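Number of protein chains: 6
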Amino acid sequence: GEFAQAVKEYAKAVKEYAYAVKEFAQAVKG
Amino acid sequence: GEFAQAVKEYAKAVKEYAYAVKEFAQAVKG
Amino acid sequence: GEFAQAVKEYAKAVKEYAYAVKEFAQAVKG
Amino acid sequence: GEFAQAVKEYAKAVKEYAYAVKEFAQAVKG
Amino acid sequence: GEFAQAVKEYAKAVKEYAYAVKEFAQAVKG
Amino acid sequence: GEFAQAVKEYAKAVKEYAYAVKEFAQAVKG
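Protein chains in written order, with this note's numbering: chain A, 1 to 30; chain B, 1 to 30; chain C, 1 to 30; chain D, 1 to 30; chain E, 1 to 30; chain F, 1 to 30.
Calculated from the structure, these hints are not laboratory results. Just so you know, not all the hints are guaranteed correct.
All copies of an identical chain are treated as equivalent in the list; a pair is satisfied when it fits inside any one copy or across any two copies.
[Unchecked claim] Listed below are the simulated DSS-like cross-link pairs for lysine-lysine, each with C-alpha atoms no more than 27 Å apart in a straight line:
id: 1; residue 1: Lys29; residue 2: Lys12
id: 2; residue 1: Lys8; residue 2: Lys22
id: 3; residue 1: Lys29; residue 2: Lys8
id: 4; residue 1: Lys12; residue 2: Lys22
id: 5; residue 1: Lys15; residue 2: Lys29
Hey, can you work out the whole structure from these sequences and the hints?
Here it is, written out as structure tokens:
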């Protein structure tokens, strides 16, 4: 219900964190 | 219910942090 | 100049995220 | 299910961030 | 629980990072 | 069981992030 909903929004925020980390990694490397 | 809300409020903080990580990456690239 | 300011703003965002992680940790324990 | 999966993805993101933070540390030592 | 303990350790690590980035901001500035 | 595996991976990622932060902290200090 709400928990299932909360998890979808968490999963989507994790994926945004994952790409932000990759751009940080490239900035530090490049 | 109360825990689902804490997962929702954490998901918002993960997205806000992901944005700050990308902004800092852009400053390192720049 | 520009880069000192971006580091300062990244520091504030890390500090904000630390507070959200501590709140999540408390929410998990409840 | 879905929350264990999102936590696993977050864990992989954290490991990547740790590796970039160590590379950042190498840059700061430079 | 193991999850509560791990998020507690993460909260500590992010708080330390926030303090090291702030020290770095001071270093880049002065 | 599947959550206990996600928590194990998260716990290990958090630990790597914790030592990365101390390495960044030593780079800033030095």
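We went through each hint and held it up to the structure:
For the identical chains of this complex, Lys29 and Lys12 are neighbours both inside a copy (26 Å) and across copies (16 Å), given an alpha-carbon limit of 27 Å. In this assembly of identical chains, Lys8 and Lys22 lie within 27 Å of each other by CA distance both inside one copy and across copies; the values are 21 Å within and 6 Å between. For the homomeric pair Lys29 and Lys8, the shortest alpha-carbon distance between copies (9 Å) is at most 27 Å, but the shortest distance inside one copy (32 Å) is not. Taking the shortest Cα distances, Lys12 and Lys22 sit within 27 Å of each other both inside one copy (15 Å) and across copies (8 Å).
For the identical chains of this complex, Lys15 and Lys29 are neighbours both inside a copy (21 Å) and across copies (16 Å), given an alpha-carbon limit of 27 Å.
In the structure shown, no violation is registered for any of the earlier numbered hints.
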